[PDB]
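The chain that follows stands alone, in the form deposited without its partner chain, written as structure tokens.
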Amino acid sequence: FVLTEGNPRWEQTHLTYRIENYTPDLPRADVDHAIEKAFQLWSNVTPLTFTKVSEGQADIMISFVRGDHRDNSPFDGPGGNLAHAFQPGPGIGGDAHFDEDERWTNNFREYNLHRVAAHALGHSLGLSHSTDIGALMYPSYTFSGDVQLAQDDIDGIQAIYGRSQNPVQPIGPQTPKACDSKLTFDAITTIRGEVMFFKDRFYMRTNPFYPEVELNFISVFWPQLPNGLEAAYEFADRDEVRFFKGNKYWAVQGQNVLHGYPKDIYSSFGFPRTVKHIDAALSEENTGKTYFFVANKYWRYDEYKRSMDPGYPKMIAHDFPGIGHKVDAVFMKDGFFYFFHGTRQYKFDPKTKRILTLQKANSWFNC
């Protein structure tokens, strides 16, 4: 996080805010809701409170304006700058302006008022742009269908006003770092020559032949998917990639969730209704066998037969000597299975049912 130069800060802890005019793009109700919830994100992690007023001046004056609109920060029509807010302070201080030749929404369509307002109000309280890609204050517009403060945002805002008067203290997701040797993965899959690691709302993509890591929201590519993947694998045969969460599984082609999916695992792969979820999955280069891992047991399914194999609720620790009895993630590369469990990574050889290397979970990255 980065605190606005000069460290402007509101002196009162009980602030007032007013919505001057309303955008035509939405019903007043929807605008009101967006703003309210935007303020709440901030009041949840600090002692500050925001009260909506109707008449008269307020600390934070909110408005929808078009082009040059009386303040020296002219808007640029459709596109470009969506909004801007001023530092805490008297007058125009703390005010937020949304550019009206923007198409404010309440859905996944660009640009969602709640999301942009949550960000603007940040500047309204004294925060500047963060260099943390996962932070709400980051300079951009991403939409993971659920606006929330990243741990970085909380630290930034608490540094100016103190922490929540909550006895528990809210927390926010932390952005994974590739050079942290404490890194662990929710799931991993290969895709058109690259390896794609998943962790919370993020993903880390790499081509092992030229180590250079790409970090970003899973929603940048597949907005439909629910954040919190548990397993995943590629099936280049159909050029798809399947993700598992809960007990249903989404399939994807290119950058769009295929028709109908999600779908049930039981009806799609044939798995006893006993299995709640899944821990990890991989598919053999060109053998047609796909291995799914649950708990300490594993199962095999034949793609070219839309069906499992004769009695397969077998043991992990037994047929995969060395990796232990629980898989966090796994993917295949050049004939070897790469198993992940916590920060541990075992390079397993299918042929010799042998373990060649035992590395750190993030060993692939350049650190």
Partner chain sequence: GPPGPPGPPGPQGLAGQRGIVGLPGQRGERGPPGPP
Contents of the next structure:
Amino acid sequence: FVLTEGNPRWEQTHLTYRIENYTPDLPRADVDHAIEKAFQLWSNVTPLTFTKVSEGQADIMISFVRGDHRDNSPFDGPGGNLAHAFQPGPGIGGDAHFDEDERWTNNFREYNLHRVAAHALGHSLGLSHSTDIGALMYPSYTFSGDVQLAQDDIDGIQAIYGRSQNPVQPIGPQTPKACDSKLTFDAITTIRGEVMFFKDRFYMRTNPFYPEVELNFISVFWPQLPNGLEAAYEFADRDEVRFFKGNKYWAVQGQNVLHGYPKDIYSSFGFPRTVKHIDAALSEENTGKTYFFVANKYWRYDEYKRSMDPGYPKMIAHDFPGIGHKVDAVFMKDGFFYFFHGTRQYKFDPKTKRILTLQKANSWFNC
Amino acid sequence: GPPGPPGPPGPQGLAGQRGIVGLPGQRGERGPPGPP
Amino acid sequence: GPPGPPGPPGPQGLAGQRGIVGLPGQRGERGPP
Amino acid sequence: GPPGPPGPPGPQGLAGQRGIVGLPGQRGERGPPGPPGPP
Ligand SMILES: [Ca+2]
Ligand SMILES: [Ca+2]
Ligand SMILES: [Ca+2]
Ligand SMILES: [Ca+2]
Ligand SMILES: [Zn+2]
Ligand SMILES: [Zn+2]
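And the form solved in complex with its partner chain, for comparison with the form deposited without its partner chain?
First the chain shown before, then all remaining chains and molecules of the complex.
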């Protein structure tokens, strides 16, 4: 997080704001609400309060404007800069201007007003752009349907004003660090030539032609997948990547979620309802044999026959000696199976069923 | 003493950062059949 | 008098270029017999 | 009696919003032929 230069802050703990004008994009109420709710995310973690005066002068004037508008920071039409706000202070101080040339929505569609507002209001209270990709205060519009402060935004805002008086004390999601032992995984897939590891609402993109690991919100490519995936595997044959979350899964074709998902795992694959979820999964190079690990047992699905294989509720501790009792993630690359559990990665050899090399989970990165 | 005037404008704002590299394209269909 | 209003905010920065396009999918597999 | 001097500059305008994800690349070439069938 970054505190604006000059450390601008408000002296008065009880602030007032006002929605000067409105956008013809959303019913005045949906906007009042969107802004009401946004102001709450910040007041929820600080001693600050935000009252809305319907007329007169408010500490924060919120307005919707186009291109040039007597303020030094003209808008660029559709796209790009969605809005701006000014650091705390008198007059124009602490104001927010939303680029009207934008299509403001109260849904998933491009440019959800609420999500863009929570950011702006960050600048309005004294915060500047954070270098942490998972922060709300990161100069980039992403949106997975939910909008919350990241632990980073909470730290930064409380650095300026202090904590909420609430007795429990709110907390936000933390961002993963590629090169940090103890790092663990939720799922690992091989989407088109590269390998993507998942951790929370983030992915770590590893591509052979490039040297660096890329960290980012899974929503960059797939806004409508569920937050916190459980397993994922690519199926070359049908250029598909299936993601799992509990009792159902999502099929993604490159960058587009296919029509019809999520879809339950019991009907589509044939698991007993005793299996409430999949822990990890990987599919054979070309033999069309997808393996789904469920606790200490595993199942094998025949992708072509679109049905499980003969009596497969088999124990992992048998057909896969060593690896362990539990699997967090798994993926196949170069005829080898790389099992992940906790912080350790096993280089299992299917050919001779032997654990060739124990290693760091984050080993696959540049550390 | 009478209050002075306003200072100039803050320097230009930084350019926005580039975007995320697109995902790889779809693998090509399989080659044609074999010559009997 | 007052050495004075701190002055207006500089203009906002341009938006960053789109993201470079990704690579051309791996070639297909060798056809059937 | 005398009007004071000019105030300091101005806060630097906020940085620009970030770019937009890249289009996914074009599909790859078709694979090589397949081994010979019957004699
Ligand atoms: Ca104001
Ligand atoms: Ca715009
Ligand atoms: Ca409009
Ligand atoms: Ca898992
Ligand atoms: Zn403006
Ligand atoms: Zn911003």
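Definition used throughout: the rigid core is the maximal C-alpha set that superposes within 1.5 Å between two forms. Positions refer to the first chain, counted from 1. Shifts are known only where both forms have a C-alpha.
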(Q) Which single residue of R28, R300, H325, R70, after superposing the core, moves its CA by 2 Å or more between the two forms? (A) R70
Q: Would you say whether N207 is displaced between the two forms, judging by a C-alpha shift of 2 Å or more on the superposed rigid core?
A: yes
(Q) On a rigid core superposition, would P272 pass a 2 Å threshold for CA movement between the two forms? (A) no
